[PDB]
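Just below is one structure, and these are the notes that go with it.
Only a single protein chain was left out; the remaining protein chains are all shown in position.
For reference, chains read A, B and C in written order, and residue numbers begin at 1 within each chain.
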Amino acid sequence: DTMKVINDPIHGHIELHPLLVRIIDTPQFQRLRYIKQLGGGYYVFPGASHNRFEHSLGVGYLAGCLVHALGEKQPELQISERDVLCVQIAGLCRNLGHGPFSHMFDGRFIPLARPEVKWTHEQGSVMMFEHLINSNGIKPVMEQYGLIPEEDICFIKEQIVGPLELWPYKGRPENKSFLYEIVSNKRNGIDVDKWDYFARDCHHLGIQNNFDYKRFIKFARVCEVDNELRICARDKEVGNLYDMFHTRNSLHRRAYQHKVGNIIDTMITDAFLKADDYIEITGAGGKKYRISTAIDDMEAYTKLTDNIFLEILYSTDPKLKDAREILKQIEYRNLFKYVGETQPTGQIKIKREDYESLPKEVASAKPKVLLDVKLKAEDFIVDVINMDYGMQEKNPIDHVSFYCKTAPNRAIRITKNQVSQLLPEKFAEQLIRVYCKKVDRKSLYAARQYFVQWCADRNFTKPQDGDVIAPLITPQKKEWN
Amino acid sequence: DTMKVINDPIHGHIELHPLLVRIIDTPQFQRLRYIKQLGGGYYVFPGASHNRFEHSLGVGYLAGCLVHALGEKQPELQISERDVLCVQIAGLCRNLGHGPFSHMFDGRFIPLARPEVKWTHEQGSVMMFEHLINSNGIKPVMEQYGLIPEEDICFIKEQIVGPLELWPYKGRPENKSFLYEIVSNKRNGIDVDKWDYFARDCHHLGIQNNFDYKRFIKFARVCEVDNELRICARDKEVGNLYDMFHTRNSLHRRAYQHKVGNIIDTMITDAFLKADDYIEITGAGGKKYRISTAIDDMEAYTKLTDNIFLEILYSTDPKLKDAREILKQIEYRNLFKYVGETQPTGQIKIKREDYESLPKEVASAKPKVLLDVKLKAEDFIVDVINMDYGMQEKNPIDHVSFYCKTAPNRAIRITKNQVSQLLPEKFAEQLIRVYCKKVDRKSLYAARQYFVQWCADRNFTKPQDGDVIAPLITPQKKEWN
Amino acid sequence: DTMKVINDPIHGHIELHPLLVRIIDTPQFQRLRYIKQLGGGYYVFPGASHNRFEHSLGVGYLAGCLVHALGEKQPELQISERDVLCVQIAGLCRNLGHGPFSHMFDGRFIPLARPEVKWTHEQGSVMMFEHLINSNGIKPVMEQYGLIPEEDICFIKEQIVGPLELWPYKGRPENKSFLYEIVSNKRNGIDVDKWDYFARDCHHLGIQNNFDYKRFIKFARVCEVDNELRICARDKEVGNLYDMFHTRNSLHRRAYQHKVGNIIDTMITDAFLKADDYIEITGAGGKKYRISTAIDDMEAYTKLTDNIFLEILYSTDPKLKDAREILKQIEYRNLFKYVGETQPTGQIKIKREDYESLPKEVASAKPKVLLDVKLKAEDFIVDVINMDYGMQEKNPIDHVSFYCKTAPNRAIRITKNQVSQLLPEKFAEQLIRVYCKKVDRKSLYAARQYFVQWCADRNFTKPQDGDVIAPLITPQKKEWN
Partner (left out) sequence: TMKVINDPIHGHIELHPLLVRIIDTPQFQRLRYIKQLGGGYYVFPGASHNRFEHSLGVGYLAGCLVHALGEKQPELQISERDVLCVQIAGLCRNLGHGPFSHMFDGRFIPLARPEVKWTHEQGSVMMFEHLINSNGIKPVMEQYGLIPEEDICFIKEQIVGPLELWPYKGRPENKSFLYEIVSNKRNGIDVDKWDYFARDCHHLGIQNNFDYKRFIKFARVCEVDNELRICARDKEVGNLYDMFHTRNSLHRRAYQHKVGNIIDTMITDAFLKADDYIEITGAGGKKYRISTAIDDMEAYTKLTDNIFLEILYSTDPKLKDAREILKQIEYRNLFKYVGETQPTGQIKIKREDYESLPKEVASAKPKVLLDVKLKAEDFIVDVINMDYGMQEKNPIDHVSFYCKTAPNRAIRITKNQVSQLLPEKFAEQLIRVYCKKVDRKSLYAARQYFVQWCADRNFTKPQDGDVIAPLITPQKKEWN
């Protein structure tokens, strides 16, 4: 038996071992062909038609490259063909649990539709994996290639979700600790999933990627850090790591949190809410699930994809009128309208428990201005976006180990002051976007007065356009002028 | 009134006129987001997730580039804003008629489901364009921006499908003849649709593009050729024009006619045929249409997209069983198996009316070999692919006009023997691929012996691997050495 | 007369007006073919073989794109073909005054050869432009295309060096003020020269570019600011402008100030100092000049290119032995050895008058360790590098104007707090690199100890590898751990 070759525009010709092919050629993996990587970003960036499927191949490919690289350079690590496959499998499978429109589903749909449940795509990836394995006769095929399903299935799932329950992992011991850093690096977020999506999202969005993962791979080594074996970067490359998270943040600003992309994701989510009662997805034993409950049964979830959008769009059932009308207004580009953007100030930190209350606050504002129409809470959306370097307030580069040229086996720490003064002083912040559902000229004018008035009242930053959109309101606030 | 900017990975930041934006923001154009450009090719090239929507924006942009370039260099042509917009609209809309999986629908499915009808995506584009214009109050918007609907609608349709019936066109006179060479060039095939898909398909497939469309635009001029003002290429660019069609042929060979890609298209088509009695598509006044009759009402056709594939795959209806199973086999990768490729020799052409007879002819071969199983006509698929330079046996470069540096207004002609001896002798050929529906080790062995024997019997070329797949058959034929 | 097309790998097919062709085809322009853009950088990045010539074509191209784009969108500015040509010429001739190995020459060599005189490549470009025009008969050709020599030459020089002495410019009035911001923007540094070197350097270096100059041009508008017409960016592009300076700093970190690149430049400069007396360059009327004095006569400077490197390398005269040995060490790669890098803490900064004393300070450190050799001051090279966003301590985005979508003719200001808390808190810093001229294991061992001890004594930052290269030294300083 020989390898399958697959051509990918990002990575070129990738070789896939027959076990990986077996996993890929299943309904549970192929499902990822019908889930757009960037959700509603396709409706803003017309090149972003790419799906989770090809992203997963790439992650699997890169996990293999990193593990081979480490193995060829340091044979004393005892990296086995078995470890390589298990890392490739984890990389292939870490995106299995995504739902329709990727981050729209667990980021917006599930939290509103079922506020009580605790669901992430990572948890889904682990459940969908198990389902893939059992439904498809994968265990014997693993054994055929030297894998041991008892330990290795555990290893794979641990790589995706972390500790399943003082070394906390059963899949592998502390001397393979570095394997846990490849696919999903819980310590600092420097992993191959980022490296595929940087290169791949840039290719499709029409933005260029400034981070060189192949250079990182050539400089990476394993060293003993606090009695674990860990992946270490070369000292003088610390600048590139900082830039890696800078790039992540700027891809979030330019594309992933695009103000129209997010409002499209919001309109899609609203339509899913209105359709949730009347759509049925046949699960295991012929049982019936909703869009919001297909997450409890992997056989139903298997069939939950972006197709839901077009089920609703093309439906004739009058119970779906409301859902269908909202999708129709997306097609006509009759979208909820962007009013503006602001941030908090000092150490105001807007908590999740207060998200529901923000539209009422905006409608409660009392601008000293004569207004033709008057707007209510229902007429406002307030979207709160938590921008960070992947570790809330923490600097992930403080959780990175390095080595120097003169003694490559010796791990060292590097602080922000040892690198540059031109680096960020904070590593997290919030943006607040405000939109109005009432879109004629007179409503939009009013929305802008209320909005800027509210920014004034809450001591938020002056919107960039504030003097233009609300010249009677911005003189009131001393901090602004 | 301002231009929308859109960012395209192929062309960068494209500007859209408000009238173009009102056309794009309709159900009839937006449906092109759910039709893959390369149909089944996504299932072989994982980067080829792109859809018809982004290709159409590009054709529209490049149509505008070529018409602006001509207008700037040659003001005497009297090219107006109005002409520019109609060329852009024809370019944006020339792909409106595509069905599910693009060329699969009009090249595999409709010929087999509706043999009696003359259907092309071109004729669909015109029907869909009229439906788009009437359904969305576009005629007053055209008038708002200085177009004259009865004249300009005719012009737009003529650019897409040719004369609607001296000078055969009603929309513009012969002094504007060159404008009909931009979006769909019936004389020699050199047009902006090709240029967009060379660049876009190559970006997504992972095969680099070798044709430079920007260089062609820099050198393009309008000259008088037999009493019409036509587009002329610079003399010493003739070589790049030959390379253009060489590139087109190369992409057909590597990607568009990939042997697995074509058989996935075949399987899907099969699923669609078995499903066609049962799928209802709701059209005008709530009447119901079939997949095969959606082409008869544009309201229904508006809703006929790649969605149909997943409607079938996720159906529970027992009546859709056989269709659903074929699509499920695609997911497991249990595909009909490729047996080999051959071509006709000498004078033999194979006409479209002989296609049905071929699986029978393969089944009737009598290979002199020990064969465990016996295969019937219904076990074989025979795909006949007509490969050419866009004009059957004709050299399209014989239908291009050139100018020289010393007399830029004087059109000339250039023959093949004035360019190079390293150019093709013929400009059309046929490939014949044979596949087997039974996929076991023994049926496949038999399939190979029938196929190679059939090749020998019909005097076709020796398959490349023929001495390996049937070592006992290929000795018999002296022509094969 | 028609346009020359040139194919550039960065911009594609650029059209050049016949006047521009005439300026280009002179010894004074063609000179730039023999001057490497990145100096000694090619000896580290083997892709960086590019010369100032192609970069100059690119700057002129982009200068025309920006002026044409402003003209098309805003006809009310009265941009004439005259203005376009002059801006293009200023763009082409901006780099005429570079010397051998570009920034090496005016950044290292001239300051050490002729400490008293003050020479910049900007003034060199103005003096070389004049000599180009005068020696080649360009004035009459200017007039043949409707330029007015006395106004327009003044305008061209002014766009390069700024005012030649309260509206300070003679070449154009205040109502064309925006034209002074295209080629060399003295207010904030946002200009087309950067845009060309970002794309070009990246293409050659093998590092990818994050900045989209074409997006910036699409969003640019001229608006009234303090009673001046200025170029304004769209408000919500403010983040991209910050990203632009971030990309510049990043290229300086990775490439332009590479530690080995800089030392090669330093070694080359040392060879030129040793050669300076003996190399003769013939200027106006057979007067003889040195490498250091060819900047006084433009006929000599025309003949001063990277060729100097090879004339020294290939020489056999005993007078040049010392120069020739240093260049031979470059070939053998027996370079001065990098010791390490630190930065100053607090807001101490090292003034340019202290730079000479710094090698003596390093030799005067007394690390408490067995050293087999003592090093003297002349064994050390100390390279101090100012990193900023182009305006020393200042935020150049404070000197940029913006407009918003609701009133596109109203200029506004945006402050750093209106953008992001993730931005740099400072805009300038110093790097200090230390190298040793004695390269054997013992001397380098000692240099590391002198070095780290000198960092400790001065309260500079702990070198990243300090614990590894000087473990007997770093324990003394409590703050380091």
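Simple rule for what comes next: contacts are C-beta pairs under 8 Å (C-beta built on N, C-alpha and C of every residue); 3 or more make two chains touch, one makes a residue touch a chain.
**Q** Could you tell me which of B:360, B:374, B:376 or B:410 touches the chain that is not displayed?
**A** Selected residue, touching the omitted chain: B:410.
**Q** Among C:94, C:204 or C:234, choose the residue that contacts the chain missing from this document, as touch is defined above.
**A** Checking each option in C:94, C:204 or C:234, the one touching the absent chain turns out to be C:204.
**Q** Considering the whole complex, which of C:8, C:15 or C:122 touches the chain not shown?
**A** If we include the chain that is not displayed, C:8 is the one touching it.
**Q** Of B:80, B:175, B:464 or B:476, which one is in contact with the hidden chain?
**A** B:464
**Q** Since one chain has been left out of the picture, which residues of chain B touch it in the full complex?
**A** 207-210, 212, 235-236, 238-240, 243, 246-247, 249-250, 253-254, 343, 387, 402, 404-407, 410, 412, 414, 417-427, 429, 461-465, 467-469
**Q** Tell me which stretches of chain C touch the chain missing from the display.
**A** These residues touch the chain not displayed: 6-10, 12, 21, 25-27, 30, 33-34, 42, 45-47, 49-51, 53-54, 57, 203-207, 281-282, 303, 305, 307, 310-311, 313-314, 316, 328, 331-333.
**Q** May I ask you to list the residues on chain A that touch the chain which is not drawn?
**A** Listed in rising order, the touching residues are 2, 5, 7, 12-13, 15, 214-215, 218-219.
Throughout what follows, only the chains that are shown with their structure count from here on.
**Q** As a test of understanding: of all chains, whose mean C-alpha position lies farthest from that of chain B?
**A** The chain lying farthest from chain B is C.
**Q** CA centre of chain A versus CA centre of chain C: separation in Å?
**A** 39
**Q** Two-or-more-chain contact residues of chain C, please, as numbers and ranges.
**A** Counting only residues that touch two or more other chains, chain C contributes 212.
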